[PDB]
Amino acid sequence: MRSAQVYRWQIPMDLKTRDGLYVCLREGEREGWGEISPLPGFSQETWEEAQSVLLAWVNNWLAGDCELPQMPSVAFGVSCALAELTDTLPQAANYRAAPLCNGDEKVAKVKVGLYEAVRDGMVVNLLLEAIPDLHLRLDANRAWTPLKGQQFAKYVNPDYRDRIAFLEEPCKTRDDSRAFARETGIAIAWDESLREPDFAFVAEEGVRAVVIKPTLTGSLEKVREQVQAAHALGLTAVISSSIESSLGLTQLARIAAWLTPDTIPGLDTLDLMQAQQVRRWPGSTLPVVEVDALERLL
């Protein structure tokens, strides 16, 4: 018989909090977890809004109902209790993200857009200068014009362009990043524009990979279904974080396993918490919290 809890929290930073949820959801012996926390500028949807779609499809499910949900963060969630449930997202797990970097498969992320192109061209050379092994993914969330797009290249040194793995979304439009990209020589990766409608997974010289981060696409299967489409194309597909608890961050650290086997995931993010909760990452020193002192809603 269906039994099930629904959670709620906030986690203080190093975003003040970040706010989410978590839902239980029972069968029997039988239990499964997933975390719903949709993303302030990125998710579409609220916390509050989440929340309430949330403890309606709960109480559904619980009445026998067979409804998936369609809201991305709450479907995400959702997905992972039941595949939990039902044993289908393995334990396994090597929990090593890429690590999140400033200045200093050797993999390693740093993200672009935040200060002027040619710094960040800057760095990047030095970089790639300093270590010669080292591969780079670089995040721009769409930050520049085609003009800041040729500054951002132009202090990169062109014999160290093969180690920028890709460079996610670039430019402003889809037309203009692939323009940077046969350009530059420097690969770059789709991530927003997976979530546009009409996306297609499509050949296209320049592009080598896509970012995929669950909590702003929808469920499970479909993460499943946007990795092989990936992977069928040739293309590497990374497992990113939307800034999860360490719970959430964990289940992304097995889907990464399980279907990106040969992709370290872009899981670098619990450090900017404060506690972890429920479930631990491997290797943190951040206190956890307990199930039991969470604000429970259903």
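Numbering follows the first chain given and starts at 1. So that the term is clear: the rigid core is the largest set of C-alpha atoms that superpose within 1.5 Å between two forms. First, how it differs from the form solved in complex with 2-succinylbenzoate (OSB).
- Once you line up the core between the two forms, the CA of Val123 is the only one from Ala209, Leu220, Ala181, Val123 that shifts by 2 Å or more.
- In a rigid-core overlay of the protein, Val156 has its C-alpha displaced by at least 2 Å between the two forms.
- Relative to the superposed rigid core, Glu196 undergoes a CA displacement of at least 2 Å between the two forms.
- For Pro132, the Cα coordinates differ by 2 angstroms or more between the two forms after the core has been superposed.
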The other form holds:
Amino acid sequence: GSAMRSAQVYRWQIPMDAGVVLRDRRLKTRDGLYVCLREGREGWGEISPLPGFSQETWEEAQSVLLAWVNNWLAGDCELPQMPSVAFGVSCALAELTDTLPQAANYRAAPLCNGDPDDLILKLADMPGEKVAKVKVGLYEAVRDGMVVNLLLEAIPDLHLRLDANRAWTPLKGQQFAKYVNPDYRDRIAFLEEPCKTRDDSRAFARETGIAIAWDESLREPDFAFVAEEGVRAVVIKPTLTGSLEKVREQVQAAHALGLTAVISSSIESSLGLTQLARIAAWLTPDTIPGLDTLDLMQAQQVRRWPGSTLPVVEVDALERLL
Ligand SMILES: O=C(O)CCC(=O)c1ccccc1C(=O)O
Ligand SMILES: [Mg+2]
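And the form solved in complex with 2-succinylbenzoate (OSB), for comparison with the form deposited without 2-succinylbenzoate (OSB)?
To see the whole picture, the full complex is given below, headed by that same chain.
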């Protein structure tokens, strides 16, 4: 019957597997925070800004987080605006009020790489809807186009999500596309951020008939959700976006425009990842999310991703700030 508020803040570091790289830079460890709010009821959230993506640092988020909690303890207050903090806190609040739904599915489009032939074998064995993610733009455009074509030709019901991370010039995008049989192009579910500039990405999409998606663009100042020929999806990374409510607004905006919205990982620990999976099952029920990042990390913490065999660090082992 208690309406008594209490809270805890945890600070942590999860070792990454060797060789992880983010935007051509190495990532040794994943630093982050959790918040646990109690009212009589309990809710959790993950506050883990991502170096090189987030504007704020781990340390800054920590400060903002602690201050917000200090306020919440006295009664309801405005959300933080700092995105990682807003996300984690808003999730914790949602759990408290039981407004973040539970989900059946904890799924992710698998991030694929390596030998093309071996990949074919693996894809061939996928059950249900065959959707997979492949990074492009590391090799040269010809190689990427030929390999995508190989994969598409090999498995008629395969749908590939690609990600160029703004790698290409208009010419390189053309060189890539030339190698993909036009009859298969529709099975490129979307190609994230093909070109160096958004204008060029838009030209690519309109000119090649290959669907594109925005990702990084969503976080740039002045971004606007809009219907554009050839734009088929948006990639929403909650941790880099802000509140659960802002996230939901973004999904709604996308849907309103007939775009697919994909909930995507910012390399959160298992805790935040499970929350993303729930957000996805709730808000984007027909779109498998981009959450295949747990396997980059050495351990899970607090909350388990079903099916994972990674070791679990329990709350009692985490550093408490409060
Ligand atoms: O979007 C997903 O499928 C998984 C995560 C992903 O792609 C990503 C995750 C963190 C940082 C950068 C990227 C990326 O877009 O390259
Ligand atoms: Mg991306």
